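Construct the entire structure; sequences and hints are all you get.
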Amino acid sequence: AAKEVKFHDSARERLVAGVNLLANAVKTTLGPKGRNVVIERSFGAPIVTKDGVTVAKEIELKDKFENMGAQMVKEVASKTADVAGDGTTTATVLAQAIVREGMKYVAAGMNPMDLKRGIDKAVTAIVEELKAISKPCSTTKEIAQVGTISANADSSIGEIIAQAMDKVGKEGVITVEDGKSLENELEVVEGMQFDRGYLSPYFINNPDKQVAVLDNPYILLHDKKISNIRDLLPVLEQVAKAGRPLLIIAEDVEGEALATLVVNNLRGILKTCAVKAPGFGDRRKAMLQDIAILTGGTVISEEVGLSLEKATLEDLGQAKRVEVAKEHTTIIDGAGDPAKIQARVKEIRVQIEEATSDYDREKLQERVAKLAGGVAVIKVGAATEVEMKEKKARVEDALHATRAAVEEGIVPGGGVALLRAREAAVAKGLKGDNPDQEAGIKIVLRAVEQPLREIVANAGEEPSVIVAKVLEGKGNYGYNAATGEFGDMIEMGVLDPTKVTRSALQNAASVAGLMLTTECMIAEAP
Amino acid sequence: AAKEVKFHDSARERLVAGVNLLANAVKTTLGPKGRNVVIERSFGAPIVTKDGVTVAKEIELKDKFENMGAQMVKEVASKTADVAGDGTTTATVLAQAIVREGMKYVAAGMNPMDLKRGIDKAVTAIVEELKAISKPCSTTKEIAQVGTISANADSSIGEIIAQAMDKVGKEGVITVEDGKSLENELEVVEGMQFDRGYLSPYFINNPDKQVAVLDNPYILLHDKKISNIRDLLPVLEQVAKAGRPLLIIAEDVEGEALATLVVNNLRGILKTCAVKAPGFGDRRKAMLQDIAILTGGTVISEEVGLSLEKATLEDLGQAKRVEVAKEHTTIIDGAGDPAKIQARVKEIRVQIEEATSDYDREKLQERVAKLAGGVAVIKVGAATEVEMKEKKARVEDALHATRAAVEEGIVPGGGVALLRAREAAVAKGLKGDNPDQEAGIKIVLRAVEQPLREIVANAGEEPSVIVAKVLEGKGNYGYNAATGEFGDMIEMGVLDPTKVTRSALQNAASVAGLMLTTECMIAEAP
Amino acid sequence: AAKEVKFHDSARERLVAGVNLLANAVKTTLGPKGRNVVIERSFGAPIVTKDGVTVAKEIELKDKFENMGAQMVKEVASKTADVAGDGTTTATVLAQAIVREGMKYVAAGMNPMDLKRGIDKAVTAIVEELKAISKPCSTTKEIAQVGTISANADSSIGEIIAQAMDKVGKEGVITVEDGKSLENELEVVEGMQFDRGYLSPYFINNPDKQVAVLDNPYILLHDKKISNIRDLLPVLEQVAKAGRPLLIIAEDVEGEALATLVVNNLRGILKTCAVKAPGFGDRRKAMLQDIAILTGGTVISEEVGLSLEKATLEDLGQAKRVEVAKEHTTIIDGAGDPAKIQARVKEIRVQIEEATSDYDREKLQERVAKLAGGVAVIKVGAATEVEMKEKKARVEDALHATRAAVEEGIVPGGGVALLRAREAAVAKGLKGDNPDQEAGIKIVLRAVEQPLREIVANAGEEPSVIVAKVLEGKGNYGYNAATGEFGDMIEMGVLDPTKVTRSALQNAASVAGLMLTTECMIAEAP
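Protein chains in written order, with full-length UniProt numbering: chain A, 2 to 527; chain B, 2 to 527; chain C, 2 to 527.
Think of the hints as simulated: they come from the structure by calculation, not from any bench.
Do not take every clue at face value.
Restricting the straight-line Cα-Cα distance to at most 30 Å, the calculated cross-link-like pairs of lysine-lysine (DSBU-like) are [to be verified]: (1) B:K58 / A:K80; (2) B:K443 / A:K65; (3) B:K429 / C:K443; (4) C:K51 / C:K321; (5) C:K58 / C:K142; (6) B:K429 / B:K475; (7) C:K63 / C:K210; (8) B:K132 / B:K432; (9) B:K443 / A:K226; (10) B:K210 / A:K65; (11) B:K443 / C:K122; (12) B:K210 / A:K7; (13) C:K171 / C:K210.
Next up, the structure:
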């Protein structure tokens, strides 16, 4: 169709309008005293929320050229969120601040590329300083404290998180399942997680968690491509007559087969989910074999003398539960006997010494870890189903925060962390090779205080005086919007994982650079 | 339907508006510091790009008369790109410069035909000078250096390209396939490439590469026309039950057969691709026989006593992979045994002495080279699939640049090459037989500096002073927009193949002549 | 009041519209077969004219910015006309041609200052060539022939002009007065002409001749400024009671005195005219004394002991007639006795040897010439007053043409002269130091053929073929629009004085340069 093209300021200002309109809605839900945002529902009463994730997801504008910036900032915010579990509100606010300051200098005739380079230099310096301000958290007591703080002073959640992490590994897999009692419980079951997601968003069945969950399904293993629906019809018919859900692991599924699976999932004909097999090259067969032996199934392949047209339910693997997310899929309580699993673990461990390179050895070690480590399952316990729903979400959020916290430590939250990092970086000595790079540095130095300013503004106080008072303090000293007091932010349990702040700042800087160095904009004509 | 006609300046100005609207968007992505361009996607986040190929492809103006110039300049830019692998950004910029200067003289009452002739004379002189400025590259060390420079200082890519080119031939066929390890690997397999493309764009399956790729397909050989779908239904049914893809080589396919194949490819019913058989006349049968013996198949023909209605899978040839591009199709690892292939090579080599003419002998030599040379396959190796995707594209771009570079040598890139050629041609003595031809010469002399001017402008510096300083230097001395320094452009590894610049200049001159000597403009009425 | 400012092309195009619309009206009255132009009169029937002078004078446009160019071109045309007696139609046409061609190059980005310099170079070369093409006319037979040709084959007019010029001097003063018989007569009377005109256009009384004529007036001589009306009221009242007209010669008149004189002339109270005294410095007193002794009056001055408050009619000079033009004033038949005039002539001639410098000697010689030469009066004779009016105008036009012709010779008229000069200059070798200067040369080379093209177009023939045929001929060969034949233009009596063509070309070049190098334009706001 016909396109409409906008150049220079006439397009940068539309980007700015879009990002400003997205951020003005998102930032009202930032801080302990964040305001409410009312969102229309198609039917029934409007939904009111005070979290940035839901408000941002619903925001998309009428004008296409503003929607461009809105969606790019939303995408970078979601990229920040999915890897840290929080900060998408912070990332959008930081991006708005950086862009709003950057357009002032761009309109001043200053070089956009040098502005981008100065912004990158300042962000690199601030991130490098965050690695020093951050307090590490590796002791079980520290892990429990961080979990309790993230779970709103619920000590049981923190204790359960610590007990799951300290025996399965800080890099281990932890999942949450509804418990059978009032007290939370945990267990280790045979399972693994691999970095493969569902191939279509229609596969999801839990919009609240944005994941696909199947209960006691069959596992289909294939090492070749699947495009023809006929190639798996006799197997899916057996699965449907069996009545249990289906998880299909293949090299790829596309075309009429994928379309038919999507239609079946939408119509409720059969509960199906298809993901790409993990790894590539020769690692593909090893991954498929390990998954099959873990789920008790057999890989369907010509080299092993089986065909999908004749495959039966006996060849298929099975497990208690499989969770399919956007980036990774995990298997819970595979049907494989522990004896064969341990034998294969020993086989892989002795093949480790057969590695021809450090890359081979590290992949074999990853295989050993993903196979022998199992999956930690947290049985969240509470009195009622209504309390079940809330406690499960709280435990999941605490688990994500602890996973982020244990990797990079904790840092004074509420936006004080960025101020401390900025002051430390400036004291270290930060300069640009050009006056344009100097303005780029100034842009980030002014923008990194925006999260605290907006938290204070939503709290109702005057931003400038609070920011000045926070800057006059040193260390963990900061402002607590929940109570309005000044003191050690860590001591009151107001924390953010260093990963969250670092990722928010870096993604905001990236999107700000992209929409500062943008000179042309192409969109569909009205 | 209703037509609308525009004459003289009232049409030339619409052509100029179209080409200007295309080039203003394209040129922002020119140079090492090219800006970003945001392009709308039907769903999801907008795509941001800084390459001219993608930005140009998306441009479709609203007004038909402007879209005429936009699409014609886009077509000539694509013709530049597909034969050199780069320069479509340069070609559009040069065409915009030439047309914008030419309209000034056309409005001045000066003769358009003499302007076109002067432009052609100046372009011929500049191209002739480029053949002297260009540094040849034929040594293996030179080939590796050019490959490394084109692949962003990746010495392994350059070494692999050199090792593929030096043993298969500078005119040989080289393809890229995903490797099985971290280190890149190369091999020679039996195969052939012929100048025949897919007969419909719907046959493609890799929009990123704009080619059709089929894995382990069947090869169908026919020497007659195919229009009736019934003529090949029993064969396509056998292929579909076999499940492997189909490649059909015939004199031509059209009508209901082609429509059914397109519908099957779109629906995913069967993976099919149809191309015209290479050659014509008596060469057609020789081409088909060589392809059949290379793929292990048999040609279906009445003169050999076979009919397509009774053809079976045994008659069909097969190979590991076939790649179908717009202009050429290649076959990788044909099923033909090496003994019969070598015997046919000797047969063709002894038939070479039987040639009745030099044209016959050169065609027989082409047969020998294309058959015995095989196909070089580069196994691009890297750690991950994400790194696989980037490294494969980088290797393909380096291969295209090296293929262009080895044919015509390398020349100082960044637009300095055109300035050096212009200065050398002017010093040689360039004149027009008319004042209008003199203005035509001046048009090209001013326009050939536009690429450097826009590279500098995107870099942020002032174009005029940089161009003057470059002109004050001699030889490879020029401006490097990546670092802002002045020096030998070849020594900093900023290069363009002579083919790229020559083709860009010539195609820009051709399209500029067409849009300067245009007096009538016929388009559909609103 | 508020001003409106237009810059660059937005102002140059308004100038061009104004000059184009002025010239499109003026040029229709060019050539022997010039068309008619009908002009509205305030009351009565519209006046129809086929002369450029009247059509141009009535032209002034509604839009101020177009009127700027219209009036500037009109002013330069009038400057051409008043010094040569003809060519204001040619000058406007040449200016239109030069400006219309120069706009094409200015819009082409070509340098306006270099265009102006090239135009000046070409005009200088063409004018230098005109000095060689021009046939001189100094013999009495040649003067009579030129006068007869200018007077539409009236041999009596030419004979009278020759007899007036050959005995009073080719630089002498010749005037036309109504005769007392059918046959024309001439005589020499005591008088002089000085280069001072009327100080206000209200002083004129002959709109047909655009001059002020007074019959048997009084001459007032004063060497000081006059501003107070009281300073001359006692003399003005005496003159009014006397009833004869008044001519006032003073250093300057301004303020209430000038206003009262203007009001009296408009009301018919008294016939008055005031001009500045000729010369300056010590020459002023000599001029006043010579004028007084020629008119029989006495100079009113403090150094001589007379004041204007007590001056009487006896002190005032008198003469038969005084004619006051825009630039010069002449006195006919002064009351001074010839004996005193001859004595003063001898006095000035012996003071010539007393000159301290060549400048003093040449001014003394000018005094001798202007005093002793007298004034030639042509008594135009005809049967009726209606024929009187036409014959007087014809004799005046012939006299002006002869005066212009005798100074610089005659040249083939009808626009052939400019073509011959252009061809001779091009053959001599004419070039510009820049391509912009070359375009400036081409502008004039194309424009100098415009007068012939327009003469032919008004004649009805095709301009291009006639121009080509004229160019194919050499010498005086050209096209005669009166009869449509080709031959020696001089032999058919179609002539233009070299002064007319030279002045027209130079003034057109000047105004074209001014309107080409114009970048800003200021006019009153609506």
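We went through each hint and held it up to the structure:
1. B:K58 / A:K80: It holds: about 28 Å lies between the C-alpha atoms, which stays within 30 Å.
2. B:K443 / A:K65: violated (43 Å)
3. B:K429 / C:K443: holds (27 Å)
4. C:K51 / C:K321: Not OK: C:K51 and C:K321 at ~35 Å, beyond 30 Å, violated.
5. C:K58 / C:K142: Since the Cα atoms of C:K58 and C:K142 sit roughly 36 Å apart, the hinted pair is violated (cutoff 30 Å).
6. B:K429 / B:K475: It holds: about 15 Å lies between the C-alpha atoms, which stays within 30 Å.
7. C:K63 / C:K210: holds (28 Å)
8. B:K132 / B:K432: Within the cut-off at roughly 20 Å; holds.
9. B:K443 / A:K226: violated (59 Å)
10. B:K210 / A:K65: Holds, because 29 Å separates the two Cα atoms, which is no more than 30 Å.
11. B:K443 / C:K122: holds (23 Å)
12. B:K210 / A:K7: The hint holds at about 28 Å.
13. C:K171 / C:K210: Holds - the C-alpha atoms of C:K210 and C:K171 are around 23 Å apart, at most 30 Å.
The structure fails to meet hints 2, 4, 5 and 9 from the earlier list, while all remaining hints are met.
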